[PDB]
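A single chain comes next, written as structure tokens; it is the form solved without the ligand.
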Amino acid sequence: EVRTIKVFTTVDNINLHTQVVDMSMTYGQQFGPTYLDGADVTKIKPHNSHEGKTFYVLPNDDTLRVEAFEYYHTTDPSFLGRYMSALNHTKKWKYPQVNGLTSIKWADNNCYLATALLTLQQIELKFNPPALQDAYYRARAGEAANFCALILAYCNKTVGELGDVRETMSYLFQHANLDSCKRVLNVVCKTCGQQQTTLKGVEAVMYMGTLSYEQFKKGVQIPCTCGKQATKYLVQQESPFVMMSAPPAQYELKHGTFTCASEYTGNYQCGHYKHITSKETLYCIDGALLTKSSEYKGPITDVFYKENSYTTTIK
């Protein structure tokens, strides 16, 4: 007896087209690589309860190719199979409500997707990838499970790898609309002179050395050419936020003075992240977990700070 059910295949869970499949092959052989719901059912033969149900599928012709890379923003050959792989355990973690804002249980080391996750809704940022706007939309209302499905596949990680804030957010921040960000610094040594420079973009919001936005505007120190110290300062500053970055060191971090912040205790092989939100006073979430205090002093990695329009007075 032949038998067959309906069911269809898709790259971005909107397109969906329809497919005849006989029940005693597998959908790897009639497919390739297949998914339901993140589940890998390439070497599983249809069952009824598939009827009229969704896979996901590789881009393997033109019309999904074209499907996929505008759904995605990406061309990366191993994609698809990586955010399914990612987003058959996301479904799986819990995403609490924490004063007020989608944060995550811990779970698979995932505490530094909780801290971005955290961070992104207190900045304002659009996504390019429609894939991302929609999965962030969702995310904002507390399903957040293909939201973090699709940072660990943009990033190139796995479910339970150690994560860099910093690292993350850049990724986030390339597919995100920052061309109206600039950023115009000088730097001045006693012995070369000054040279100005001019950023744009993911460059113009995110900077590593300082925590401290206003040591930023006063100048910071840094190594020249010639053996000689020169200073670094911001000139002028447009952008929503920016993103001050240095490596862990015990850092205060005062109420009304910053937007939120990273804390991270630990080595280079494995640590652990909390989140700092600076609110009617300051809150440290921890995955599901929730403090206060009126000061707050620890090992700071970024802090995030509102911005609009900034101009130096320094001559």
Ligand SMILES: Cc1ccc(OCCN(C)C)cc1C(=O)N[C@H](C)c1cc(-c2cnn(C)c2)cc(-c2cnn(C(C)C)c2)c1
The other form holds:
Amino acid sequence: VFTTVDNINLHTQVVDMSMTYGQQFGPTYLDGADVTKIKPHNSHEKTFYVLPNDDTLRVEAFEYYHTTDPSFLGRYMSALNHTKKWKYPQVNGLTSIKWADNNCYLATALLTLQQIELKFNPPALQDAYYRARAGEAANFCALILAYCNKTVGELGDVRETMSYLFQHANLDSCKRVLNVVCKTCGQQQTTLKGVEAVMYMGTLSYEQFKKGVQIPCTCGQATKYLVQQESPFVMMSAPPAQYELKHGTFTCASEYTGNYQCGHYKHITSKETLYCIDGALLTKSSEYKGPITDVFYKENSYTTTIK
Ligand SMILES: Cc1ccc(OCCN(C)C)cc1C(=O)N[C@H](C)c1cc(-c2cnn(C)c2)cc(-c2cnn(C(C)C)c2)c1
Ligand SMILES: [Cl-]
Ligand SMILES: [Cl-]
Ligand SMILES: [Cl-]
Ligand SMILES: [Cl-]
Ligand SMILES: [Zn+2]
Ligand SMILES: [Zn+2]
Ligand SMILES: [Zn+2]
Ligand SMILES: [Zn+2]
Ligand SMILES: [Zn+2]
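Next up, the form solved in complex with the ligand in place of the form solved without the ligand?
Every chain and every other molecule in the complex is listed next, the one we just looked at coming first.
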């Protein structure tokens, strides 16, 4: 019998058939199911996931997941019991998810991550991220739910899910410098780094951010524009409104229709033409107009031209 916390460093233990796994190993999981109350069986003699009970397992658990929350393995194994049953079709060369248990926001996020450049700091996230691009995205979706502290069936927001994931990614080299102009106060330059340098809530178009956005001032309206952007991408979010998506001006977008929270997501991507991925469904179009809430753009190093 093998016990592990990372499926890498395995620990071989000797088991019997009298006591259950709970008494011998603590809460133990096979695949995604809970074999805590289940007694050992013949075909079980394989590797089992156990909650860390010593310092060696606690250290290995942090090295793989970068978390010390004792409930993390439980939330992760509970989500995996559903995600392993989902279907992950290949739509337009991308891995999507067939609709199941309100996974519309998870599918839009999964398709978005396969199109932007991202390096995850937790090794467990990075390893499953690679398998997700290759078609095996069950572990990756389950880990996303665990890190975001969300459960299967819960209604998720794509912008909130991306932000949670961005905080577990290497965005240290990302830098955004803004300039807020105000006729009374003057000019103030602010520098953002990391997660805050790649996301903005207000407008959907990256060009309006470069031209200037009407932002309030402490004295009372100013204008904020982008001076310099050094990031592999930018995420522009705005409340759901009708927007015009043109081929070649963006990478991918998030469509939200329906009421607040209990609504549905769809993924729009710009290839040789505009593609609409709704789980397992694909529709193409030369132009698009609909309710868009998130737009992702590509970037490397931008520097403004206004004094
Ligand atoms: C699907 C879903 C799941 C979870 C969730 O959790 C939010 C709670 N969270 C704070 C923890 C939200 C959503 C969700 O509805 N998302 C969508 C994208 C959404 C729709 C609407 C909206 C308004 N009218 N109608 C008919 C729809 C408004 C907005 C909106 C507005 N302003 N903001 C910014 C500033 C925070 C966002 C977001
Ligand atoms: Cl960490
Ligand atoms: Cl992390
Ligand atoms: Cl609202
Ligand atoms: Cl772009
Ligand atoms: Zn970490
Ligand atoms: Zn389910
Ligand atoms: Zn299920
Ligand atoms: Zn002012
Ligand atoms: Zn849905």
